[PDB]
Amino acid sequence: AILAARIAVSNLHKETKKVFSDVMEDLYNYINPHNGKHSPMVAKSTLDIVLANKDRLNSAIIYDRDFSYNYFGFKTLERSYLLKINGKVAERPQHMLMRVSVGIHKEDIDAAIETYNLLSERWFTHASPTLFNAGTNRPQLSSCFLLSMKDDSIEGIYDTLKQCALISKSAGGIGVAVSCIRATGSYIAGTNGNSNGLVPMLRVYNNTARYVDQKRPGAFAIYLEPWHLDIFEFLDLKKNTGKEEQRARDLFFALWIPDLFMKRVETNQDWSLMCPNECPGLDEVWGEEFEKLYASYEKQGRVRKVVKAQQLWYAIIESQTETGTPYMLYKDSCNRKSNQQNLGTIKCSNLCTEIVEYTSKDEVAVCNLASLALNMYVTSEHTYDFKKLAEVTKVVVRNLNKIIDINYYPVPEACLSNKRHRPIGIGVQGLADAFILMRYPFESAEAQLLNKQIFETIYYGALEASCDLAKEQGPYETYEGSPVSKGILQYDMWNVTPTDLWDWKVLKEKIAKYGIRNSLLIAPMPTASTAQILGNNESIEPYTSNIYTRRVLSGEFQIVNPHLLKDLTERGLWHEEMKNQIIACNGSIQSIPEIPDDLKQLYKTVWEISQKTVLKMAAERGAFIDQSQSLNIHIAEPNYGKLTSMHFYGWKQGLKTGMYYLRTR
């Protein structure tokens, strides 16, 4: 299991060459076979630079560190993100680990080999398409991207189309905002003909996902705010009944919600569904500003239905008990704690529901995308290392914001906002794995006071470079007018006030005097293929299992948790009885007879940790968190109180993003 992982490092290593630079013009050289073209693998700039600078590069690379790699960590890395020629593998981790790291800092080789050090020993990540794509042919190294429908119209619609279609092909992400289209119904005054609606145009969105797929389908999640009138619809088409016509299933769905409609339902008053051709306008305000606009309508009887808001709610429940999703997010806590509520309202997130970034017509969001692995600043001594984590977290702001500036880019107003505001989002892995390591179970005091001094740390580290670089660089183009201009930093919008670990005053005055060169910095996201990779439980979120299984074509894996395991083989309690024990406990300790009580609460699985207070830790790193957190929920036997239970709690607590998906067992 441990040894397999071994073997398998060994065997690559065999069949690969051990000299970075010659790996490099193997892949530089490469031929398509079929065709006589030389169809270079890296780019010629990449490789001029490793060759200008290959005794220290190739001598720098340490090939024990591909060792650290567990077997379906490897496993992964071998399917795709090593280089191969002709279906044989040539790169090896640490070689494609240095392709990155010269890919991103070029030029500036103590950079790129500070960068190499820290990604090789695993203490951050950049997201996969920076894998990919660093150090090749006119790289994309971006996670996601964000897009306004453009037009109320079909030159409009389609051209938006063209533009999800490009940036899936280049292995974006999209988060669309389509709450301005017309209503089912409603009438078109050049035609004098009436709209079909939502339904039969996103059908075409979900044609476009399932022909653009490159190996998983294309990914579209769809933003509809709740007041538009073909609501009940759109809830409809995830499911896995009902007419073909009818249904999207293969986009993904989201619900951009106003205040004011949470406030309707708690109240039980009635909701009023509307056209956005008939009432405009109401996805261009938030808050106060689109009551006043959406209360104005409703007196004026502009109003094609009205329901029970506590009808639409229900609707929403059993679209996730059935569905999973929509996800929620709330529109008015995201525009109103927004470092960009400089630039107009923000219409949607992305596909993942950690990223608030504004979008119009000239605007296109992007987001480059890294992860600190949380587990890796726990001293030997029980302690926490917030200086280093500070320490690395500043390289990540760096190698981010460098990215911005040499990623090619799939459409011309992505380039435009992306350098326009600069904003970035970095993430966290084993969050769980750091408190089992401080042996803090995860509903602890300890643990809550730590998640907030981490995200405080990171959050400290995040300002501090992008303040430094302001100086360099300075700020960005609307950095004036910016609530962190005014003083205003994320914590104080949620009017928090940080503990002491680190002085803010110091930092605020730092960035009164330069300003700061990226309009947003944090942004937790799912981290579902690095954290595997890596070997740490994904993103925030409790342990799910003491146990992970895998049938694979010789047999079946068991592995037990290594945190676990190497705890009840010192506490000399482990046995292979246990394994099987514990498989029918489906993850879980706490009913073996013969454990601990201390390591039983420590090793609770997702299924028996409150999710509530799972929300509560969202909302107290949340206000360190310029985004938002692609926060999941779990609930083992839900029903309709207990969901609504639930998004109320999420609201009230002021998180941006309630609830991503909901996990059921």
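Basically, rigid core = biggest C-alpha set you can superpose within 1.5 Å across the two forms. Positions refer to the first chain, counted from 1. What changes on going to the form deposited in another entry:
Only one of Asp405, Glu570, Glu472, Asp110 has its Cα shifted by 2 Å or more between the two forms after fitting on the core, and that residue is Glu570. The two forms, fitted on the rigid core, differ between the two forms by less than 2 Å at the CA of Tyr314. Relative to the superposed core, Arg550 undergoes a C-alpha shift of no less than 2 Å between the two forms. Core-superposed comparison between the two forms: the CA of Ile559 exceeds or equals a 2 Å shift.
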The other form holds:
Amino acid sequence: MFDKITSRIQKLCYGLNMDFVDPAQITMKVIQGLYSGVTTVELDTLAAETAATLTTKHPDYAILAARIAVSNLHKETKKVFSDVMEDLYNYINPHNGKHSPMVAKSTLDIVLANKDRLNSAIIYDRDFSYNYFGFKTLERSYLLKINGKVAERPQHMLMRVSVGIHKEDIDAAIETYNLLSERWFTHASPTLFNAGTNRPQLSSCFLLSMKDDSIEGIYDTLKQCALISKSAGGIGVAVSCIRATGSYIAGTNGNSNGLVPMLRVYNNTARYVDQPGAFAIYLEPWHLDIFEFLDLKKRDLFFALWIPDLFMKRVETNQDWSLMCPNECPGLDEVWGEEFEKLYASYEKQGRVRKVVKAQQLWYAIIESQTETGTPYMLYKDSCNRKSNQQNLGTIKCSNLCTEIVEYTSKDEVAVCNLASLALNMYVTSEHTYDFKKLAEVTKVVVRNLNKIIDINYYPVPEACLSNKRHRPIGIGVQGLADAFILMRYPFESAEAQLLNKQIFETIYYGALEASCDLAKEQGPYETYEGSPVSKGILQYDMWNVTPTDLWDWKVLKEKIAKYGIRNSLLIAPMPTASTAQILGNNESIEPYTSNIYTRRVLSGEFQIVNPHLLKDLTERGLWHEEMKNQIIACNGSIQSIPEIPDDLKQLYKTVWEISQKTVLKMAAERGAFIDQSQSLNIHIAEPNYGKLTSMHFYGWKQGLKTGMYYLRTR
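Requested next: the structure of the form deposited in another entry (the form deposited in one PDB entry having been shown above).
Next comes a single chain, given without company.
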């Protein structure tokens, strides 16, 4: 009867906390969908939903929820892997009648040719290792469907990616699958979506400079965006070389109307190709159409600024700032620092100025724009260039849609970059220690995937391929930072957390280099290596003037690189890891928990999710009841005012709002010394105020940060 369902629910509870996960409580709300002819597939499916609503009661309910839906998926899919593959390949769309492969013949045929090792390498019990929300994320958009019905099991998906990346190298494929299925790391979404497929477009970020300050050039550049965007990529565009409003047009007598009309056109292009889907636009502050730039947005492009140190200096000295038209003052964006500073001052001295403002006016126009919209993003051209390993190639003109990537672009090169994230929580042992070795062992494996990808990647434009091939850059990032601290009982801004911060990143960086180093021993160092800071014997931390903790042996590594080089020009760029973190149940990237309580829509259902680390503490400390959940909510997810919760927990679970943005920044600076490119630093300000903000950029710029601010969050 009622014991029928309840027992069946019992079946899937092994391992869970039985004082909180009570299964008869799921059956109460389910047994009332029992009509004469209720196909038990949908009883089952009801059960998953109910369990997920009780996630608010304990976090292992979420885990039960997943295990039920995964059961259904299992009953619904084929088990044997090569068989799911075959049917994917064989797909014929019945509307057109035309044979549509969904997987490349090249993979399928590697698969069948090595079918026995591969089919058996797969452990389907690992499918039961996501939570409900992580799992529905996959199901939604990651496991391939045939006619609405999902055909891929997550393991099928994982294994497809492994053979995408690794082709006929089997050991290597299986290895990338274990590390993957076991959850030590993950590639970004393009790789996941597209590895194995006929459009194997795997890279994520793309970044451009305007081909020319002419129409030919504008549109030439604009068609590239159009094209890139077709193969769903992040796009950055430096745009500062284009002449400003009122500037003469010699080939008509007309006047240029500036960027505002021009950026519309780009904007329309974002809106037109989607398969919201946005572009990042970069402006340097000496550009005449600066004020209107911080005015379009007060519209599906994101803005950021490529700031010279000079500008910052003038600002805090209450000095004047000059504004120029790039046609009237050329070569400005192909030079930085000392050299920029001289040139600029020299156009300035020749009265080659369009208009002059008190510097601080510009500064406060920006402050205003951030407070309204969170943008423009803040990047320090001088820091980025000064500390690039690609700097031997020219002046770096902008960055990507997210501000983690500092790579060179030109009339004939557009930068690419493929990403992976290591799951930083996975490395804390039960002995309450951080397994550093393992972290370097996974990095090597990851550096080799991103690296193999460069060679098998589908590029939307020749310019991309060309760049990537010449410089082989890779971007490794991390998720679950916040989660790793908590698991080690460390308050985020603790000094224990701060050392672990440094050390994690020494480690990742070390392993990265050491792989790349072995790869230069094999394939040879990349083309533009000779010239680079690292050939000269300088690593990231040297350019920051930092002497790393003795956790590893830098002295020796440097020698290894001295004999062979490195295959890849750059390796390290923490990115927002938006929804890959959501699948591995990790907080998103290098950031603290925004809220200890948040929500998830899953199709048509809404769910209240409490920080799981938090919830596991308070339930087991017998503190958690209805009125508590409500109390927290009323404090926008804070546990600080709740009278009856220990102060070490209060400490452990500060929201980001209650944590110091400065620290956040200092820590970013601390780990920054070990990061090739940059890191996507969102900032969160409480009761924000011009003094409280200004003071905040300057600290970042002073800290030596390539990227000062990504998005800024208000309340």
